[PDB]
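Asker: Residue-level listing of the chains:
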Amino acid sequence: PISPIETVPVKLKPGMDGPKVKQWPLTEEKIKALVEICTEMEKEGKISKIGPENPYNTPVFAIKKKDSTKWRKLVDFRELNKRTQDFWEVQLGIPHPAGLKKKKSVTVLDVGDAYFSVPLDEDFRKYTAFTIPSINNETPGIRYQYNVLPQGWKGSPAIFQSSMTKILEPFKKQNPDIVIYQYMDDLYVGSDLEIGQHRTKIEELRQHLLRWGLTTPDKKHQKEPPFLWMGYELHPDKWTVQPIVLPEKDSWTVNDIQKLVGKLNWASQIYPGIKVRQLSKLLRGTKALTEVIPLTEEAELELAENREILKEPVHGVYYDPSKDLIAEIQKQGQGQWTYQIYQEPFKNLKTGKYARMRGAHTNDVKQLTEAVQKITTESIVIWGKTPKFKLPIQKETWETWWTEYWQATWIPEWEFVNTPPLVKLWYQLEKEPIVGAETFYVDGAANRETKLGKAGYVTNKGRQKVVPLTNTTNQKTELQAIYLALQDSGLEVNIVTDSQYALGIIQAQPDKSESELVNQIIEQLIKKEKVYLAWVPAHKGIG
Amino acid sequence: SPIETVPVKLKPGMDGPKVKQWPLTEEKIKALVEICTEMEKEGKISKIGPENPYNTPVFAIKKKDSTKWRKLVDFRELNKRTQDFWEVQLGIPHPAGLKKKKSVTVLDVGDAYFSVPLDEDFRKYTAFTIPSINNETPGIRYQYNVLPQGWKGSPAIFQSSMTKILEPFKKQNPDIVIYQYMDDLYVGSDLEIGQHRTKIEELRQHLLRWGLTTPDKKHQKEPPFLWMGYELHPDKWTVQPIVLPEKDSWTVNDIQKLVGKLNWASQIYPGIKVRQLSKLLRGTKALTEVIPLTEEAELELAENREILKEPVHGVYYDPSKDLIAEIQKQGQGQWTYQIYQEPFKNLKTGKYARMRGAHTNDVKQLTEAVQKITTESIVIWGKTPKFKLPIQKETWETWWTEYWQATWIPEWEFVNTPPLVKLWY
Ligand SMILES: N#Cc1ccc(Nc2nc(N)nc(Cc3c(Cl)ccc4[nH]ccc34)n2)cc1
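Chains C and H supply the protein sequences, listed in that same order.
Residues in the first sequence are numbered from 600 upward in steps of one, following full-length UniProt numbering.
Residues in the second sequence are numbered from 602 upward in steps of one, following full-length UniProt numbering.
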């Protein structure tokens, strides 16, 4: 449909040649079924009859719509694709609705017969060769070649979108009042011109397009909102996720829990407090696809609350550059955090969650910063600027943590927001030992094979305890020991540990881990008034 | 002024870079947009189509914070994919004594390259993309038409031109060592600073009246307290804070700690036995308890304070290997750092700090201790190290640019376990 359209020169991967995949014979009904689609096709110049020895062929296959209102031509370019150069990946990133700027009118455009409107590099034309059979050797097979973009080739979407961009560009510039967004075959136009003009301007666009062989049976701006796109319900001034369904089942299998978590994560964009720890905690699937897995107790409760949340429709608003971009986070609990980003008080821009990806240890302050981190990157992609954070932490707690933290961090501008839970250090270990405090030379190992060990201790004051454990590891006992030491000690204690392992676990001052031992030790640390763990080399170290 | 291009061929079985462009602030998109628009005019870069799948990243840094930004192309991937075969087919020899000069100043000559046209074929491999906020749009795409800054093939192909422009200067002044690493010239002299400074602007203007513009016009006769001559002093490069404390009294803990540090010195200097100190701890005594000494204990201390004050050997620089640069937060704007190639075979340890307080954050610091440690590397061994940055990847990945000033980018990774390797240093 276009000589005025400039073709994008295409090439075959470095040392390869054009596809050669002979055509299987098809039903005679189809031969003409294609012959109809093809002569009216060659007629439209989209394709062209080709003479002998274009050694390259590709499979054609008349396909029934299954609604049989008419027939459809379909080519299998798999082999051509496998032989054509890479192109500039389009849509590698997709816009988030929460980042679209508040606009009045927005009208989509089903730019129809698009791939067949854009020309195709003359030279790359010879590989598009496909042959339609003539009823079992009756003739030299009706053989065609493509002059437009083959509807299923590799560089088609790209070359299309490229070409489009070039076509709009003129018009696009003759109108900074209109902004346009291309999406494959779609073309969403938006503006702030009184709806009367905007409808007059789309008329224009449309005509502009039209002069470029690009048609749009979509006149009046046919299709209306809410627009369905990449799974979003997009209304004039609001947006949301295309309704989801969390099925209720008797037995849950892996492929089942996965689409569930997927649906749940996805709804998290705008549905506040959606948790997913438990539902996933299950998926440490030694990836057995239909391995039937029984929802655990919490997973059953977790999914519950998600329903309570999901049932009730929640929407998200758009972006007004002229207003701030605020972000708030609130701790759920089992390493889970949730956040919503907003400009106004009641309607959100978007929401989301964050959880410390499985690693048996971490602190709330650490977790909160990782959260803040993810939000920052999200903000930069969506709005192009960091937001103002409102966080459940007090300058004193925060700044005291980043100062003692060995890793470097960057805390953008934030405000305190008193609204529990509260992020805080439930205990600080003593930097220098404690004078007078009974030192506990805590120790405890095990027999790697026998899975048996003992954790005990010996203090200055000649106090010695030794407890036996069955079914634990050197690691397990090393904390078992420390713990022990805390139990027996008074409210101030000095503990000498031989294991960095035990050291670090506690030194990071983790505030949690479902690892009941550390919990016990942690709970004990909070109770004391002065604790000092000090590390000393193992083997050689002491006696 | 068309010049004959110099054919660039990547190592066989190597295809061009396809790295993804980091998302940017609208601010920076805005700047890059302006900058590229201008380069497009000057004809330096050109818009490209979809038949170009390649992409190296671009950022926007603040030159010398003035009204404008500079565009910074991270050609790290395209470099490995080339310059490594152009560290060969065009190697730029490294002066093993530039580290000896009393003063080294660094001037940005990168802008020279911009005249020399880029091999018509290799261009496609340089394509970069100005991103769009919230993807509402297809990145803006350009590819280079002239030698570009950041890509090591530029100093390699300009090398010809450079050694000539500098020849009738390297004469008058035959004692100054000039080294060209990428877009920067490292001039080294043994002059009293005052003269050096002059000698440099002597050079600054030499280049200038022959074409090469060098923005190293840091300031004017007005002192608003801006930071002085990128004058490094590699004759003062040294270090021995392998400092044990010389205390009045020694407690059970003190030694304990001590006996500890001394144990990791074990793979750095397999020379110090502690049985003599450590034996003074075979007991389960208090910790706050002060306990003077033992036998060769003091000898084991005064004797260790010695071998530890005398650097190790076998520690030689292998050019085949890479330089690995570990850093660490030390607290109160202090950061210690090692440069090695094999564990505990330090080629050079060190330290950095800014002025601690109400103006500097960690990232900016890190971002600095890195450009510091880097430069040092370049000066000493003509090659940047691979930094093992103690920081969360994403955080660093968002801000590094903020305080970044070098026209180059080392290679880095992120550690998340820095042991009390912080203690020992
Ligand atoms: N800032 C900004 C900004 C962002 C987008 C537009 N243009 C625009 N706004 C809306 N509300 N809908 C549309 C159409 C549109 C749909 Cl149907 C679905 C997902 C989308 N992503 C992308 C555009 C877009 N375009 C204009 C300005």
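Derived from the structure by calculation, the hints contain no laboratory data.
The beta carbon of each residue, even a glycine, is placed where N, CA and C say it ideally should be.
Don't take each hint at face value.
Straight-line distance between alpha carbons at most 25 Å, and here's what the computed SDA-like set of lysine to any residue pairs gives [said to hold, decoys possible]:
#1 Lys701(C) - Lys631(H)
#2 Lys631(H) - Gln1099(C)
#3 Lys886(H) - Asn1059(C)
#4 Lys973(C) - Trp1005(H)
#5 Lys874(H) - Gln1099(C)
#6 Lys619(H) - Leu611(C)
#7 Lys973(C) - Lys610(H)
#8 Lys610(H) - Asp616(C)
#9 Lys1139(C) - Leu1024(H)
Here are a few chain C residues that sit away from chain H, every Cβ distance over 10 Å (derived from the structure) [unchecked claim]:
#10 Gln796
#11 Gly932
#12 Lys1139
Asker: Does each hint fit the structure? Answer for all of them.
Answerer: Okay, the hints, checked on the actual structure:
1. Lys701(C) - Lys631(H): The given pair, whose Cα atoms are some 21 Å apart, holds under the 25 Å limit.
2. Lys631(H) - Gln1099(C): Given that 25 Å is the threshold and the Cα spacing comes to 50 Å, the pair is violated.
3. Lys886(H) - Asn1059(C): holds, 5 Å
4. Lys973(C) - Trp1005(H): holds, 22 Å
5. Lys874(H) - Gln1099(C): holds, 21 Å
6. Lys619(H) - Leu611(C): Judged against 25 Å, a Cα distance of about 18 Å means the pair holds.
7. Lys973(C) - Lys610(H): Between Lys973(C) and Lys610(H) the Cα gap is close to 40 Å, so the pair fails against 25 Å, i.e. violated.
8. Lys610(H) - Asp616(C): Holds, at roughly 23 Å.
9. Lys1139(C) - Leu1024(H): holds, 20 Å
10. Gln796: Its Cβ never comes within 10 Å of chain H, the nearest being 22 Å, so this holds.
11. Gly932: holds, 22 Å
12. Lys1139: The assertion about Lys1139(C) is violated, with a minimum of 7 Å to chain H.
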